[PDB]
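Novice: Can you build the whole structure from these sequences, using the hints too?
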Amino acid sequence: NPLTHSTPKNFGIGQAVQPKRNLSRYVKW
Amino acid sequence: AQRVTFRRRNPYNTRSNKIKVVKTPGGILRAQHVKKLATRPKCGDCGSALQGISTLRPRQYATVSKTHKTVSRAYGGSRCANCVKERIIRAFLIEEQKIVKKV
Amino acid sequence: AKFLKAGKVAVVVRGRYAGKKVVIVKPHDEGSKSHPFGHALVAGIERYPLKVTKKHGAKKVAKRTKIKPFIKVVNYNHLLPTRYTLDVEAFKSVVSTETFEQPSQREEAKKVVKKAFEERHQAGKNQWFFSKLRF
Amino acid sequence: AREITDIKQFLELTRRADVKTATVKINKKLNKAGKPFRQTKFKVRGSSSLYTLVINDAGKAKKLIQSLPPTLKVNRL
Amino acid sequence: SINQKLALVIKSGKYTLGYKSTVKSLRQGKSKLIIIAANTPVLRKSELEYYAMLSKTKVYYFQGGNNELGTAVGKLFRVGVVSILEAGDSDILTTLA
Amino acid sequence: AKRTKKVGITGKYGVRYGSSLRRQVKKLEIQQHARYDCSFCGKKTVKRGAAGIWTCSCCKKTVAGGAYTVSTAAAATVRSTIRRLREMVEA
Amino acid sequence: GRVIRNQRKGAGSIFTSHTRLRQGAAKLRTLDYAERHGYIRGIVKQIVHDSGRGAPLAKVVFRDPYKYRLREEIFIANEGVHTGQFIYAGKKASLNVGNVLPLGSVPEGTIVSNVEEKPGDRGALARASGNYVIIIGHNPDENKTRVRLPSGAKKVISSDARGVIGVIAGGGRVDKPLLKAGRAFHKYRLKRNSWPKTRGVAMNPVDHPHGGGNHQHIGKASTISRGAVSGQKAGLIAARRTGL
RNA sequence: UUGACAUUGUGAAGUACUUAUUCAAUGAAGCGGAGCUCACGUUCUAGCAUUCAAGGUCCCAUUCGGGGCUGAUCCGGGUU
RNA sequence: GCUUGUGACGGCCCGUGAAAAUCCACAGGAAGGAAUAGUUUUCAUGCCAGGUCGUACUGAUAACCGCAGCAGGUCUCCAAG
RNA sequence: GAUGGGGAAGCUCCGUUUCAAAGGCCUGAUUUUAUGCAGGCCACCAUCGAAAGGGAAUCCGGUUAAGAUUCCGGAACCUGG
Ligand SMILES: [Mg+2]
Ligand SMILES: [Mg+2]
Ligand SMILES: [Mg+2]
Ligand SMILES: [Mg+2]
Ligand SMILES: [Mg+2]
Ligand SMILES: [Mg+2]
Ligand SMILES: [Mg+2]
Ligand SMILES: [Mg+2]
Ligand SMILES: [Mg+2]
Ligand SMILES: [Zn+2]
Ligand SMILES: [Zn+2]
Numbered sequence: 024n025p026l027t028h029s030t031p032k033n034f035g036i037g038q039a040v041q042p043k044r045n046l047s048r049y050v051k052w
Numbered sequence: 002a003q004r005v006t007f008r009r010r011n012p013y014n015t016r017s018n019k020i021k022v023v024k025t026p027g028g029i030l031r032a033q034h035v036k037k038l039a040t041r042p043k044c045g046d047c048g049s050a051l052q053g054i055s056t057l058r059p060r061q062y063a064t065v066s067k068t069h070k071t072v073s074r075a076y077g078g079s080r081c082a083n084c085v086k087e088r089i090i091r092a093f094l095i096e097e098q099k100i101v102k103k104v
Numbered sequence: 002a003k004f005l006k007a008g009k010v011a012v013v014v015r016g017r018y019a020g021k022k023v024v025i026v027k028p029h030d031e032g033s034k035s036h037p038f039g040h041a042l043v044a045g046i047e048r049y050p051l052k053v054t055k056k057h058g059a060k061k062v063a064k065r066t067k068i069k070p071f072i073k074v075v076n077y078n079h080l081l082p083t084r085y086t087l088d089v090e091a092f093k094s095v096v097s098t099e100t101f102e103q104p105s106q107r108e109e110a111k112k113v114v115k116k117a118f119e120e121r122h123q124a125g126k127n128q129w130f131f132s133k134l135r136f
Numbered sequence: 002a003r004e005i006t007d008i009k010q011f012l013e014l015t016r017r018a019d020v021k022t023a024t025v026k027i028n029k030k031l032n033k034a035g036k037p038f039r040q041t042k043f044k045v046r047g048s049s050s051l052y053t054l055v056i057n058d059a060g061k062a063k064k065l066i067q068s069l070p071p072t073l074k075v076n077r078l
Numbered sequence: 009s010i011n012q013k014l015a016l017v018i019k020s021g022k023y024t025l026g027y028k029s030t031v032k033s034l035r036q037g038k039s040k041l042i043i044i045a046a047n048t049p050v051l052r053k054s055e056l057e058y059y060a061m062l063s064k065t066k067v068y069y070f071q072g073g074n075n076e077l078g079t080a081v082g083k084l085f086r087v088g089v090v091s092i093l094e095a096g097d098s099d100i101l102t103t104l105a
Numbered sequence: 002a003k004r005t006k007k008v009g010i011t012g013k014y015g016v017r018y019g020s021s022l023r024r025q026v027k028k029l030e031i032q033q034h035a036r037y038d039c040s041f042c043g044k045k046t047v048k049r050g051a052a053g054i055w056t057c058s059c060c061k062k063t064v065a066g067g068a069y070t071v072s073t074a075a076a077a078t079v080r081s082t083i084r085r086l087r088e089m090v091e092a
Numbered sequence: 002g003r004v005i006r007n008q009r010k011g012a013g014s015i016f017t018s019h020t021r022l023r024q025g026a027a028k029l030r031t032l033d034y035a036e037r038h039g040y041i042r043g044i045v046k047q048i049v050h051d052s053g054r055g056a057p058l059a060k061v062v063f064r065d066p067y068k069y070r071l072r073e074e075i076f077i078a079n080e081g082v083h084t085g086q087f088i089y090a091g092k093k094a095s096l097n098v099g100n101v102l103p104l105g106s107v108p109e110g111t112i113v114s115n116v117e118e119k120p121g122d123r124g125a126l127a128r129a130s131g132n133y134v135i136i137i138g139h140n141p142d143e144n145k146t147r148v149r150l151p152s153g154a155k156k157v158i159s160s161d162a163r164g165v166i167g168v169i170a171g172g173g174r175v176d177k178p179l180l181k182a183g184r185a186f187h188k189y190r191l192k193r194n195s196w197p198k199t200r201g202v203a204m205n206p207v208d209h210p211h212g213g214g215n216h217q218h219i220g221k222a223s224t225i226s227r228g229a230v231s232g233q234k235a236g237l238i239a240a241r242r243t244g245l
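Residue numbers (the authors' numbering), protein chains in the order written: chain LL, 24 to 52; chain RG, 2 to 104; chain QZ, 2 to 136; chain RM, 2 to 78; chain RC, 9 to 105; chain RT, 2 to 92; chain LF, 2 to 245.
For the record, the hints were derived by calculation from the structure and aren't laboratory data.
Treat the hints with caution; some may be incorrect.
When the alpha-carbon atoms are kept at most 30 Å apart in a straight line, the in silico DSSO-like pairs for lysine-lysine are as follows [unchecked claim]:
id	chain 1	residue 1	chain 2	residue 2
1	QZ	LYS6	RC	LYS32
2	RG	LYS70	RG	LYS36
3	RC	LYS40	RC	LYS19
4	LF	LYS60	RT	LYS48
Label-pair distances were calculated between CB atoms; the ranges are [what the hints assert, rightly or not]:
id	chain 1	residue 1	chain 2	residue 2	range
5	RG	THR25	QZ	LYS69	56 to 66 Å
6	RG	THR15	RT	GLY12	36 to 46 Å
7	LF	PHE186	RG	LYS102	54 to 64 Å
8	LF	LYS93	QZ	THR66	39 to 49 Å
9	RT	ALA51	LF	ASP122	52 to 62 Å
10	RG	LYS99	RT	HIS34	18 to 28 Å
11	RT	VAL90	QZ	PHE136	30 to 40 Å
12	RT	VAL90	RC	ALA46	52 to 62 Å
13	RM	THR53	QZ	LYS52	54 to 64 Å
14	RT	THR78	LF	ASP122	25 to 35 Å
For every residue, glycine included, the Cβ atom is placed at its ideal position computed from N, Cα and C.
Specialist: Shown next as structure tokens:
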């Protein structure tokens, strides 16, 4: 517990890189 | 007074066809093809040369040890000492401002 | 008015340890027989502890929390003072002017600081001191 | 191509399990202002480089001649 | 007006001109006021503020470049930062200046 | 000593191209090869490279400017106009 | 007769553009989520010179929002833009020189350059040195904006079209006389094969509709109608008026 | 270049919509509606930003680890 | 001194004077690792192999092109008193 | 200059990343046998184009009626394993 920290990432514009999301709506079929 | 000739097949005075005149142990003058001079590595932040790094051809860096291609500091063979100094000063002062700007 | 005390924390700017955080132990404001300039005796971190999560095993946590210390004399102009502090009363005796200029005594002082620094990392405190500066 | 100035490291190269030939060369050379002397160049033919040891005094040079292993073919002059 | 005040400090007080000398005074705690030119680089300007924050030293931002700040001190060369070691007959340490 | 009466730098062209044309180039050549004070370090070491590129010799700062001047008159008016607009748009 | 000179340029054998030393196509950043809902900060790494273009070029590096990478863009530098300056592009970007904003989010009278004819074409208007577009009003309904072009023509564009604040650098270039044919030779050497130009009246009737005759003269009216065909459009094309 | 006919459908009054057709971009990323709290994370500085994300919660059968939800709100698959 | 190589500089441009293969370093810390033992083949030394095609001579008032053993034409390096 | 496509009665024309489901080396899994199968990496998307451009590595001495930095003797270097 003392060695583990909560470090949330900012996913706003210009902040940390976006994570993997579901892009099924934009798939080039 | 003795005149020399090209030793390769190229008869044209190109960049890769430069010669130097030397005196052989046999007592005669003979042309000697030389290689193009190497260029010192340059810093990626200011463009200046880097100390402690050998000046070799690009493919000649694979036959030397790592000691000849870097120094014992962070960003050793990439950035010079002053540029690394500026990064640390910039990094520390800006991150302290982020805490201040939070409140 | 004075901040270069025996507990201040600074950042090394030159000489194989640039960007690594150290704590001042024995400052020397007015020169010395060697180093005829303002300097101080510091102990710092060369390899910072790695990040530990809840999924790491028992033995893997111990490996990732190893700390490699170093002891060096640094000029004042080659340091960047910070606003943080760290108590050095545990390992003040081992580091001194006699500690240097003796390879055997340099090694013995390092293992004392390593034990002191590591036990501080457990039961987390001075978290800014044990985080690697990014640059 | 390579010159060694230590007699101790010359002996170990002489028994490196790959050297098969050696040669000794005598040079009649003049000193800076003294009488002419003679120097001996002990050369060992390695698998990659030729090693040379230069001995200027004749007394020490004569001692090193019999120290060579008998299994090494030495070409005199 | 601080330009008239700076002249009195020159003939009656102690001052140091230059970035390196100013930093040395701040570390020693001998400084009491630092004057920063307008065209000072922000990275250098930020470092001086941090040094003054640790030593509890007031900071004044000069309204002009190093050409103008150097002229106020009375020198013929560009001056980046001026540190006031101790004022003489002037009252620059007790005013807004 | 003063070598030329009025041609100045345009003496390289001799008697060719006409006096009126030579006079016009003279005004734009002195400005092109002039020294300018850097606004980032205060030193008078700014000189033109290619047309529109102005770089300081000491701090190596490159600023985009006019063809033969570090700052044209129309660019100056834009900065004043932009400054005025940005003061009433954030208020 | 034969095929006249201006007809031969369409084939494009020796009349193509010399693009060996070009630094790239100067275009704005691709319109993405960040541009229309915020802003992204860029860095002016260096200002370079492009062959055949009077206006200097600025290289601005951005961060890819979706992958750990760095993207470089080639912009047309405006006046006052310097290396190391931060550039903000997007709807929420502040009104500063060198920033790229949609035309519908700026007050009237703003000076802009590298304007987009349509949202997403990455800059079409006011790209030459010293030219700029003046915004003369807005239209909140049906999302339109009125602008003034350097030629003096009023155009109506959508409010989502983008543009950079300022004036294209390198102005005043056309004020210095070339003073000789050598400098004109090197000027077009980096652009295309269109110099020198031979007068039609000095040719033969086979070569141009102006050549021939015992005196060097045109012979017919030089005002050619818009309805003429290829080989006839030599001279003044659809001239509303002539003279000084 | 101009008119007629075909491509060529839908609605209203004295121009409106979409599906044909046409134009443009993107290695088709955040579109439309609604719900949380006009907005709803980023502007002194030429630094840094990547390991299905740390943390929180719930499982495996505890071995070095593995897997859901949340973190990062739903609905419609119309890439814009 | 002559020829040539190179270094630091200066002048000129509305002219700013190629590209790719290939090699290297750094940031990063994913994994692998010591007590009766492992890794380093970027340190030294030792072992094996390197296929295919071109290679003679002229290069010109006689070996090239001009009907020819034609005073023409034809790219370039070395240069003594 | 092919392929995917679009023209042309047709020989063939356009086009080189274009309205395309366009591709493979780092391993783990298996000790039935060789490669099917588990996460991840990657999307640049033919090819041809310089014996004066870019470019891994050799020099001296001797030797023929006619060949050599290629042969001989000695002394080196580079690449791959
Ligand atoms: Mg004629
Ligand atoms: Mg005609
Ligand atoms: Mg006619
Ligand atoms: Mg031959
Ligand atoms: Mg013949
Ligand atoms: Mg084709
Ligand atoms: Mg090829
Ligand atoms: Mg070549
Ligand atoms: Mg021969
Ligand atoms: Zn540097
Ligand atoms: Zn400057």
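Novice: Please go over all the hints and tell whether each is borne out by the structure.
Specialist: Outcome of the hint check:
no. : hint                              : verdict
1   : QZ/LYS6 - RC/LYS32                : holds (15 Å)
2   : RG/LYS70 - RG/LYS36               : holds (21 Å)
3   : RC/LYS40 - RC/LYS19               : holds (18 Å)
4   : LF/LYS60 - RT/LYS48               : holds (21 Å)
5   : RG/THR25 - QZ/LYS69: 56 to 66 Å   : holds (58 Å)
6   : RG/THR15 - RT/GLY12: 36 to 46 Å   : holds (41 Å)
7   : LF/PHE186 - RG/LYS102: 54 to 64 Å : holds (58 Å)
8   : LF/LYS93 - QZ/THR66: 39 to 49 Å   : holds (43 Å)
9   : RT/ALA51 - LF/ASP122: 52 to 62 Å  : violated (28 Å)
10  : RG/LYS99 - RT/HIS34: 18 to 28 Å   : violated (46 Å)
11  : RT/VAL90 - QZ/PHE136: 30 to 40 Å  : holds (37 Å)
12  : RT/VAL90 - RC/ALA46: 52 to 62 Å   : violated (25 Å)
13  : RM/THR53 - QZ/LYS52: 54 to 64 Å   : holds (58 Å)
14  : RT/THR78 - LF/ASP122: 25 to 35 Å  : holds (29 Å)
Violated hints, in rising order: 9, 10 and 12; the structure is consistent with all others.
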